[PDB]
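Residues per chain are reported as follows:
There are 2 protein chains.
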Amino acid sequence: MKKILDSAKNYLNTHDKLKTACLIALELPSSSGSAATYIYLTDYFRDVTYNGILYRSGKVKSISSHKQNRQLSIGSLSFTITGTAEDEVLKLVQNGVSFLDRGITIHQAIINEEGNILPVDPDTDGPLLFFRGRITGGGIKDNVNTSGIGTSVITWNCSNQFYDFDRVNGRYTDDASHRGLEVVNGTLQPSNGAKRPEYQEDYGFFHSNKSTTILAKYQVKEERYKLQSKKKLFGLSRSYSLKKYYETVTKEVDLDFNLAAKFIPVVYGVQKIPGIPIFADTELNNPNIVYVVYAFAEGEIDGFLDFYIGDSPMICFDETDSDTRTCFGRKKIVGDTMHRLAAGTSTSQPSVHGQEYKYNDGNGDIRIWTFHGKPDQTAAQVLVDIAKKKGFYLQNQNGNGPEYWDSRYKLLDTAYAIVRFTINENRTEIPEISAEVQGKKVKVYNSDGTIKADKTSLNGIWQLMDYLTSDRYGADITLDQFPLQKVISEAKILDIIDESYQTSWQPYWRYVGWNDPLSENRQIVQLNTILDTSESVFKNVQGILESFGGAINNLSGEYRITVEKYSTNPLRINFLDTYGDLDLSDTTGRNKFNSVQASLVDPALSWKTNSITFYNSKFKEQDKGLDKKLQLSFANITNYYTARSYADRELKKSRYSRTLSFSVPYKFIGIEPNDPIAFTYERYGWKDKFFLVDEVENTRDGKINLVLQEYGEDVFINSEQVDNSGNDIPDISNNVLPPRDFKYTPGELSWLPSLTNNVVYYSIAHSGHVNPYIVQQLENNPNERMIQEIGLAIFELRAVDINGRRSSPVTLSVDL
Amino acid sequence: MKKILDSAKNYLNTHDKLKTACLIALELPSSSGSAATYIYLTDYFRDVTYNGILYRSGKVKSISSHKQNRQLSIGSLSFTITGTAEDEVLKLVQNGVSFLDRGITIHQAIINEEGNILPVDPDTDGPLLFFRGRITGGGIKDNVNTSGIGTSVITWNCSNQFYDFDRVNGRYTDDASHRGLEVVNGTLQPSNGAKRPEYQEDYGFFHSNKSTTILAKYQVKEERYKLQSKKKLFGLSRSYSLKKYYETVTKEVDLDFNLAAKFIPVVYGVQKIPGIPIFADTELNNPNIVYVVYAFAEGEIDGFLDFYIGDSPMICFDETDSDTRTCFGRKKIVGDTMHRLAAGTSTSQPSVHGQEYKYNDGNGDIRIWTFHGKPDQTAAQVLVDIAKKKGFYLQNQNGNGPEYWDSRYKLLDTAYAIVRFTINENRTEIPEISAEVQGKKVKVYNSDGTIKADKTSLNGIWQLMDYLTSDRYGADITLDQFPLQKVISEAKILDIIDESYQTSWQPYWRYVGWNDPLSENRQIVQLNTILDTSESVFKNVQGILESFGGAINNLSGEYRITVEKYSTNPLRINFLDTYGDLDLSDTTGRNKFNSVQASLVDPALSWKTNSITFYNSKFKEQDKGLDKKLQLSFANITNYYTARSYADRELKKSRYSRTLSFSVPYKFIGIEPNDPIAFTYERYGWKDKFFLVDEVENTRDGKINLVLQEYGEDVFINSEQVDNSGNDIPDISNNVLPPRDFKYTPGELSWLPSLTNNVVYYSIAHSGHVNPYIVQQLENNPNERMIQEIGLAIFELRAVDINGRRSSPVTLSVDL
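So the protein sequences, as listed, match chains J and K.
Per the entry's author numbering: the first sequence = residues 1 to 746, 759 to 802, 808 to 833.
Per the entry's author numbering: the second sequence = residues 1 to 746, 759 to 802, 808 to 833.
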């Protein structure tokens, strides 16, 4: 809906002969860089002046139609400026000019008797906006027929901001791609022309080419040059088939040849992402400590959360993981994070910047230095101080002074986590570190004008708009093209409370992505997003739109992010009003279903795929007892219950599946592709019947070519679901188990064999005996006790596997 | 550019009424095999007789248009022979005949007043060629309307040599596919109908089905039935998106189910390729020695170069690799290859056929016999002699006499490498051998007529020429369809010296692919390509064309491989000459870019992907400070610097991005789809403006339908580059390192623990003590010394990991 005013509504209803005029505020293709110079053309005939400039009226023969469906579709127009005007043709074909950018603004001025009749609320009462886009256009077509009249038309094409649909805006993890190295002057590379000059001086990605090999030195044979995939289980969109779709999903990516893995992700909410090994080296005079800088996400994270030192996280999943290895906090009920590690008291709080120190299970001292992104942040005093002492191995191997790391080695917008290992004989290899990262600071607006962009990383269209209004990783949209009021309205539409489940049965309340239990948190579409910035802007934005359900629609010149909705105030379009043509198209054979299957990245499965399925006794009995399953995978939703409700809603949406296609007059201007209307064609039997538009085609003439979708109340009324809490699937099975029992009987043999069946020799560590004891599993009997020979001594029992993993030391402080 | 002669130029300018006639020299569809019988049809009306045959003039109502752009596009025509001629329809529908081949040559004879006005320089002064292609044609269309007129036309289709665009012409590695086994007579396979009879008697891929399992016996659990990918990082061509494209790139292929892995690659220049295991066995009476024949590339390699015994090459990268393991030659400055290994003196020379023997790092004796391809080569006396002694295990296991290997077991065009292992307790498994192979015998022609072939694999259109004029793996093109002078001209265009970088700073001068430092070697587009013959002829050829930049174009009947160029002698086409239409299309939105990114398989990264990126201050300021990055990946270029210059050129080419489309009269015949013209439309302001044509559509009528592309001199002028030599990334991280220090102090304790934390037990081997000692890493302290107990004894220290790798033995010959 565009409001239009009651005055303009009355004029459109009564006057019945209205003189439309288009106000094209073109921006001239300019070379060499300067201030923007605008040529103001209008179609009309006189010279229509609107708030200042004349808007000359000697060109622009015609304007194309602005067709845009409920799918982001590079919405494109095309001028027809006469090719007999020397000025425009010269400006088009001049050598040197480049016009990738350059806004075009079109106003459809409804001329009054004397000068525009003032529609549009809270924009100064002038013409309706019509395009407000960028210019990506062609050129001349000359005909010069030898018989007679020939034509010559300049066809400026112009499209939405999402032109060049394969644009891949992302910051990468290379120094050259981070501060924009150039080859100006003779042979040196200054730092010019990169995203914000702060990056130009951000000398912090310089050692990133060689770090991967340095880690491959201290790493397992299999996981060499190998990260996990930064985005797993992307959204199914009917472009795939289930077998092919699930084949494309890969758990690990080969960093050696795949450079797309180096692109820095964008994470909203709470989600597990792998860490890119930016930096790697070992301390001098003690070359077992390894310093690794891991880049995870993009600017100003809420906080790092529960690092992964392998496939065993620091905070145990359930009493099951509590029993297997030594973990300090719990996860199912209570939201213990790394802050619990830092403080020692059970807390539910993200990492508070530079202090989330040592994680110590019996193996090695893992000191992790966690840093968010910031508009102004400085490198850790750890790396800078150690480089000042010149205590890095590769420094003196190459001969680098106090410039290997320095105060100018910042990392301005990224989520980098300096990780320190202590690789003893007890942790043989550096594992593959991933982490759970909580969100990106989405500017959350409020109907009031108080902007909350502080910690939140909310869940809704706020995420999409933040990805849209970001220079660094999004697509420049300037944040002035959005109307804030309806954006807030649709965001409030998203977070309508879902009285289906309860917060009591959400075990992992925290890692779904809501803080603080008691508060409501039961919101429809609580999506948690990974946006790997290596795919494309077009595809990421359409992925988010498919996730929450909606479309971006620059129809009235503003982007106006709409969502699916039900409301008691629709437009009452009667067939007599519209026009004559009325197409009905039941795509009912292929596009409606009786049961749905979904796919989540469930935190209740240690971020592993989980399946939700229904069946319906009403639906299948309606069909004829035919089995037909909708198939789905939710790339962005991690809460089991909200994904379940969303699957039910999309199932019923499929169940409706009716399309109308007709054309309405200029009376109904302002319609956007998610506005409710009620059709009342009397022959059909249709008295008010809820439809949501799917296409709007604004035409230069004035008619609108609508296309409808059939959406009853049942899809939005939502259903009631059963709790799923006991069916948790912790990832217990990635660690070798410790001795089951242990006591000293005056042997120290009481250790029962580890349940992990591939163990070769246990290790015993005395207080004074420098040489550890070795007992070997020559025979493996799960109920049997093997013996050691042997006061105030401390003891450690680490089971060793055929790989050397070592299991959480069970320690006894006994008196001999 | 076809020269067309001054006489023909004058006639086309003056006469203004010219009687065109087409000379169609069809080749009759013939069955059962015989000499070619040609029907000579012509369009005209009388009987136009050119150089012998009378060219009957009673058929062929019309001929289609010959359109071909800067993309090899199966350039196709279509005859229309009257279907009322009994002879032609009978030859069409006769059952038994096949015409897969059969040349069609069309001459557009410009009839003089009395008999053809003698154009075409060099060809007998006769008419221009028009098609010169092969016939892949359709058939009748009858109508016989009951009302009246009915039509009947024979639509002979005919297309370029690259018809059947999914042909997979390649040699593969099986006995039947190597010598064409057939099923004639009772119960024996003869060797008939294969590429040249020398393969028919080349009985040398017989033991190829079972070799892979024989190695899988002596091989790691992971690399079992697992080769690397013969072509890594193929060319991005906008058909892919970055994420999908980089995901498709796979480092290893599963040989068990992937039979495309067995196809023999073709390599030009130096590049790393894996070795297909076409043979494997062990000696009797001593079954530790393993004999493996590894097929690498095709005929007449310049030489094998730096074999790989794993991920650790024989020739160390830098002092870094020199320190880790024991490797003899250097690579980053000096070009030490396996010939250094054989001779013992630092050399830079490819393998000299069958003698590049033992590589001996302390572990086992790696005896490698290297063979090139050759039109007449014989199997080594090694395999034949051992088979004569009948000392192969599987021989007497199965009961095979002196025919398991024999002088008949040649490999008459293959780059095979008889590799001998000595699997001791010191090299537990046979590793996965890959290697670096130098090129193909490319026939390099010279303006003089002296063909230099055998010598070097060059880098240019000569590679594409060899791939085109090869019966074995290319597409039969007979080498008579090419005009040698234009090909030599284009090759000289490619190798114009790039005064951007210097040879002083290209570390791996040799392993890029140019021999002998001092010489120039600074050439634009030094592509070093891999052509796996399992993809297709069409896609491989377009791969080379996208690599160096160019197109294959048979408009004038000759393939005429053009490349992009700038020249001061263009054609001066004025709009008044053209006709009436003049299209213009600025795809500035999607096809104009500011920053480039590239992907190379550098030899300065042990053949691992590397990223070159630019930012440009002029361009981004020209746009509006809008970041839109061109993305590239060079599959064929291994120079950092030449790929850098190529990325700059292609970025600027994208920056220009203008297309014209118009038609010109027959005066301008000969225009070729990559020729320079200067278009001078007066109104646009366009005085001479350099365009390279993108399309040429020769028409039966005479008009030519050109399409232009805008390339200013800035793309060809090229720019300067920065030194990049210190930023090398050798693969140090693929081997276990030995003890850091070692000396004997009057026991042997001095060995400092290996930097590899994957260490279990060191091994000490005395001169007389049969049983080696074991010192175990019960505690790992990087600065500590552990002890052995214990004249004229020899010592060896091999660190052992949890896998059994073993390091390079550190040895002291001390007196106790």
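Any given hint could turn out to be false.
No copy labels: a pair is met if it fits in one copy or bridges any two.
What the hints assert, rightly or not - Derived DSS-like pairs (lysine-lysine); straight-line CA-CA distance at most 30 Å:
hint, residue 1, residue 2
1, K455, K91
2, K620, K441
3, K243, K486
4, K374, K689
5, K226, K243
6, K592, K67
7, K539, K243
8, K210, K59
9, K565, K743
10, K608, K3
11, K3, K251
12, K592, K59
13, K61, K195
14, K374, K565
15, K210, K390
Hints listed in this document are in silico derivations from the structure and should not be mistaken for laboratory results.
- For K565 vs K743, is the C-alpha pair at or below 30 Å within one copy, between two copies, both, or neither? neither (65 Å within a copy, 81 Å between copies)
- Query: How do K592 and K67 come out at 30 Å by Cα distance, when the copy is not named: within, between, both, or neither?
  - Reply: both (26 Å within a copy, 25 Å between copies)
- Task: Classify it for me, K620 with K441: is the Cα-Cα distance of at most 30 Å met within a copy, between copies, both or neither?
- Result: between (45 Å within a copy, 28 Å between copies)
- Copy assignment of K539 with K243, given that the CA separation must stay at most 30 Å: For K539 and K243, the Cα distance is within 30 Å both inside one copy (21 Å) and across copies (11 Å).
- Item | Intra/inter-copy verdict for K608 and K3 if alpha-carbon distance must be at most 30 Å | Neither: 46 Å inside a copy, 59 Å across copies.
- Query: How would you label the pair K455, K91 (within, between, both, or neither) given a Cα cut-off of 30 Å?
  - Reply: Answer is neither; intra-copy 49 Å and inter-copy 55 Å both fail.
- Could you place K61 and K195 in one of the four classes (within, between, both, neither) given a Cα distance threshold of 30 Å? Classified as neither; 40 Å inside a copy, 64 Å across copies.
- Query: Given a CA cutoff of 30 Å, do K592 and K59 count as a within-copy pair, a between-copy pair, both, or neither?
  - Reply: between (50 Å within a copy, 28 Å between copies)
- Checking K3 and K251: alpha-carbon separation at most 30 Å within a copy, between copies, both or neither? Classified as neither: same-chain Cα gap 49 Å, cross-chain 58 Å, threshold 30 Å.
- Between copies, within a copy, both or neither: which fits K226 and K243 at Cα up to 30 Å? Both: 25 Å inside a copy, 16 Å across copies.
- Message: I want to check one pair: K374 and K689. Are their C-alpha atoms no more than 30 Å apart within a copy, between two copies, both, or neither?
- Response: The answer is neither: 51 Å in one copy and 50 Å across copies each exceed 30 Å.
- Task: First find the shortest C-alpha distance between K243 and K486 inside one copy, then the shortest across copies, and answer within, between, both or neither for a cut-off of 30 Å.
- Result: Answer is neither; intra-copy 40 Å and inter-copy 35 Å both fail.
Comparing the model with each numbered hint stated earlier shows that hints 1, 3, 4, 8, 9, 10, 11, 13, 14 do not hold.
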